[PDB]
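Chemist: Mind docking chains w, B, i, R, H and y with the ligands on chain X? Use the hints.
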Amino acid sequence: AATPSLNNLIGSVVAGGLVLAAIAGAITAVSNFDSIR
Amino acid sequence: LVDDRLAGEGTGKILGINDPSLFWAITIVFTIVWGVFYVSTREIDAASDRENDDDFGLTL
Amino acid sequence: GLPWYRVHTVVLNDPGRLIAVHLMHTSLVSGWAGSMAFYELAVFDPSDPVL
Amino acid sequence: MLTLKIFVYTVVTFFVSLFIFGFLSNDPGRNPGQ
Amino acid sequence: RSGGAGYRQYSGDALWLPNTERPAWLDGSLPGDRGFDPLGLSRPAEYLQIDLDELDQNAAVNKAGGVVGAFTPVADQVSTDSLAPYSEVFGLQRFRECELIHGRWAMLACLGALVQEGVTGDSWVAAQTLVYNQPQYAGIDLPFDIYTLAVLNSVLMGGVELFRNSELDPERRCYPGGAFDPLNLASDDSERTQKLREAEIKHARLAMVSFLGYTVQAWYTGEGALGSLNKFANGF
Amino acid sequence: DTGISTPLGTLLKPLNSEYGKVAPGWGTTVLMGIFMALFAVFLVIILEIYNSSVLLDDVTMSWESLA
Amino acid sequence: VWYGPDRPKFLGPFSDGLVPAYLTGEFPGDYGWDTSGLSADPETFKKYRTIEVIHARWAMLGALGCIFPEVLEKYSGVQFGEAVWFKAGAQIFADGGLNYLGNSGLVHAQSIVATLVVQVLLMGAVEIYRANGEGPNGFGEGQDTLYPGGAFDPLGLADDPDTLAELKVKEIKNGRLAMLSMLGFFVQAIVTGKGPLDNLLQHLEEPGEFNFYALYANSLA
Ligand code: CHL
Ligand code: CLA
Ligand code: CLA
Ligand SMILES: CC1=C[C@H](O)CC(C)(C)[C@H]1/C=C/C(C)=C/C=C/C(C)=C/C=C/C=C(C)/C=C/C=C(C)/C=C/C1=C(C)C[C@H](O)CC1(C)C
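Residue numbers (the authors' numbering), protein chains in the order written: chain X, 64 to 100; chain w, 60 to 119; chain B, 2 to 52; chain i, 1 to 34; chain R, 38 to 273; chain H, 19 to 85; chain y, 40 to 260.
Next comes chain X alone, as it looks inside the complex:
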């Protein structure tokens, strides 16, 4: 009984996680590649 509006809300939550994962992944990569000390 999932309406199409409910699916997009779930899709938006997943897309939001991917954006956060992409941000964290890029930051962790550059932080490790360009490290102090």
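A portion of the hints provided could be inaccurate.
[Said to hold, decoys possible] 30 Å max Cα-Cα, derived DSS-like pairs, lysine-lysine:
no.: 1; chain 1: y; residue 1: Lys126; chain 2: y; residue 2: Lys113
no.: 2; chain 1: i; residue 1: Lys5; chain 2: y; residue 2: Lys113
no.: 3; chain 1: w; residue 1: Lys72; chain 2: y; residue 2: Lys86
no.: 4; chain 1: R; residue 1: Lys239; chain 2: H; residue 2: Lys31
no.: 5; chain 1: H; residue 1: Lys39; chain 2: R; residue 2: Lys232
no.: 6; chain 1: y; residue 1: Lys113; chain 2: y; residue 2: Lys233
no.: 7; chain 1: y; residue 1: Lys126; chain 2: y; residue 2: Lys233
no.: 8; chain 1: y; residue 1: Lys113; chain 2: y; residue 2: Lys212
no.: 9; chain 1: y; residue 1: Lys212; chain 2: y; residue 2: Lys48
no.: 10; chain 1: w; residue 1: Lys72; chain 2: i; residue 2: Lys5
no.: 11; chain 1: y; residue 1: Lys126; chain 2: y; residue 2: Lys212
no.: 12; chain 1: w; residue 1: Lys72; chain 2: y; residue 2: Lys48
no.: 13; chain 1: y; residue 1: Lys86; chain 2: y; residue 2: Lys212
Worth flagging that the hints you see were computed from the coordinates, not collected in a lab.
Modeler: Chains w, B, i, R, H and y with the ligands only, in chain X's frame:
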């Protein structure tokens, strides 16, 4: 009649005991307080540093 | 001298008087609720619940 | 109302019983004199 | 007689996996020790002590507290504190008392749910509401209104559990004995005592899982213990 | 200097004893972050239902659901 | 005061020419009354002392138990099937059986044989423990067979030995009064046919008119 009331006022009842429950209330409370008093009499007197003999008591 | 806007900071590190100070606000808030209800009951007209 | 009367009778008896056995508890000795 | 005919008498320490090692904190002395602690809840916990933050407004600088040292508190130490008797929450012996108390309650509950369903015909979940509206046992109506029973249940269980908490010896908290072992079945330090204690944790763990089954089945199927059993048979 | 001792004070004293004790490192922070993320999603869903940006068949989201 | 040679005695100022030699005052309730010489034998005197206290403890329970239901039915809302003590046994033959406090949800006993079987089992075991001096697994071994104390004194009211001697006199004196009053309960039940509480209220209504001599004396012969 229209309503219900105790109808004990001005009837000359002993201690105002319209029902026996009042008798139990007075008796139970008094016995309890007398009970705790009874077990403490010896201690209360011991403070006098004197035995409660025939000569005991605040006298002049 | 302590500024007027920091007076109630004396119970910042006094747990005993912090409870006492929080008990006073609680006393006032419940005091307001009782006072407010009694006023409203003195002004409220229950005769006409529809209009 | 009867519940009220019994409650009051219990309360009145309790305080009167304290009064009676309070003075029977060597009250005359409860004094600062010597 | 010997044997070694219909069975493989392999030698090893019975653990929860066919091959694995006991955790260092799980020696195997306790009854039912199967080396099962993947989360390490009974691992002796290590804590750091932070110093008291400076909150004196008479001082120019109020620096927050820093690590004042690392300490591993000794667990399984009962004290006279009524509200928090044990020294640490994460102790093996405190958890075993929790395991036994949770387990013994589940054993009574698992049997109690079955018996009242087979005697009264009412589901154990629906039983709570029925007794609430009409206090009754075995079909006989009890002579006490529910309000009194509610207070009595809290007061009686309150006294009962306060008596339980008086004990200070950690082993005796899990195994009081005395009046609770009138037959003296496992009051000595024999091997029979160890075996009896091993049976108790097994039945206790079984009942904890079993009653977890009752509640989930009641949530999902909507039936009680015996009712869920009948539903499954008909499902075929 | 020990302070006033009261029967209720001794009873509650164990609850105010481990002032500075902490778990070393990050402890259960990652577990906390999981629940915050689930809570954030839950808050979003109920916000969308009230905002009508999510339409559920059973819910009507109007005064008429008082019937 | 209650022990030794200067104890109070049953004939007051004339109780000096009949106090037996063996009644010295080492036991509670000793007023020097053995005018029939039934306790001349020291061993028999020991057993009679046990029987007296046992008869006394039962009478104290009996006197309170024989009048408490009648007090409750008259001066409270409780409605027993039969409050009067000498009619209370027939309650078990009633249609609803015997209901404690009149409530059908309490006890609700309906077979006399089941009650009797339970009693002879429970009383039989308890009386055996008292007779033998030890309960199951030697529960009361080494305790006095008349004054066990210990588990039978949960409040520790007899820890002081001097308080024990005083309290023993209170037990036997209340018990003797209960034994005498139970004799009154028996005879008054036979003569009057009313409950003991009903008899008391009859005396209080008009003592000069409602007593044994003005109501029943002429009929006994
Ligand atoms: C232990 C002492 C004891 C005594 C003194 C009595 C006395 C009595 N029972 Mg009773 N019972 C006793 C124990 C028990 N009864 C019962 C079960 C019943 C039933 C089912 C009934 C009675 C009834 C009666 C009464 C018969 C009417 C009568 O004879 O009136 C005239 C006599 C009197 C009023 C005076 C009674 C005094 C007694 C004759 C002398 C006192 C000393 C005794 C000999 C004590 C002996 C103790 C021994 C056996 C250990 C009566 C007053 C009947 C009843 O209630 O009738 C309405 C009845 O139906 N009893 C049980 C459980 C099985 C008992 C257990 O211990
Ligand atoms: C539960 C809420 C709460 C609590 C417990 C506190 C507590 C505290 N605040 Mg604070 N504050 C709050 C909310 C709160 N604040 C809010 C919402 C704001 C934004 C407006 C501020 C802005 C604020 C500032 C700027 C400062 C504090 C400061 C302080 C500390 C000293 C307070 C003082 O002695 O001033 C004393 C106050 C008076 C002597 C008179 C108050 C009269 C005001 C102006 C109006 C009267 C209000 C009325 C009587 C009650 C209505 C309140 C109710 C409707 C909510 C103290 C520990 C001071 C601080 O940090 O100390 C270092 C400080 O500088 N607060
Ligand atoms: C036995 C205590 C008790 C009881 C039974 C009541 C009962 C009542 N109070 Mg009263 N009150 C009390 C104590 C009590 N009060 C105390 C101690 C105070 C002093 C602070 C007050 C101050 C007070 C005021 C000012 C008012 C009332 C009012 C009322 C009436 C309406 C309550 C209502 O609908 O508001 C609704 C209550 C809430 C919405 C509470 C919301 C809870 C918040 C959202 C907590 C959420 C955060 C939480 C920590 C989340 C974490 C927990 C979660 C994870 C499980 C009601 C009859 C009102 C009234 O009618 O006036 C007479 C009124 O205005 N009371
Ligand atoms: C000292 C001397 C000296 C010289 O030398 C000689 C001589 C003289 C001989 C001597 C004397 C003696 C005497 C006096 C005796 C008496 C006795 C008695 C009376 C007892 C009772 C006794 C009595 C008793 C026990 C009683 C008991 C009772 C009881 C349990 C009860 C029960 C019951 C109840 C509750 C209720 C119900 O409903 C009914 C019944 C069931 C019924």
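Chemist: Decide, hint by hint, whether the structure agrees.
Modeler: Checked hints:
{"no.": "1", "hint": "y:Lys126 - y:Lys113", "verdict": "16 Å, holds"}
{"no.": "2", "hint": "i:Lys5 - y:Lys113", "verdict": "20 Å, holds"}
{"no.": "3", "hint": "w:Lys72 - y:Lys86", "verdict": "52 Å, violated"}
{"no.": "4", "hint": "R:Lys239 - H:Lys31", "verdict": "38 Å, violated"}
{"no.": "5", "hint": "H:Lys39 - R:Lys232", "verdict": "40 Å, violated"}
{"no.": "6", "hint": "y:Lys113 - y:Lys233", "verdict": "13 Å, holds"}
{"no.": "7", "hint": "y:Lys126 - y:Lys233", "verdict": "10 Å, holds"}
{"no.": "8", "hint": "y:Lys113 - y:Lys212", "verdict": "29 Å, holds"}
{"no.": "9", "hint": "y:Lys212 - y:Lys48", "verdict": "13 Å, holds"}
{"no.": "10", "hint": "w:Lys72 - i:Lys5", "verdict": "14 Å, holds"}
{"no.": "11", "hint": "y:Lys126 - y:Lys212", "verdict": "29 Å, holds"}
{"no.": "12", "hint": "w:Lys72 - y:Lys48", "verdict": "44 Å, violated"}
{"no.": "13", "hint": "y:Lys86 - y:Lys212", "verdict": "18 Å, holds"}
Hints 3, 4, 5 and 12 from the earlier list are contradicted by this structure; the remaining hints agree with it.
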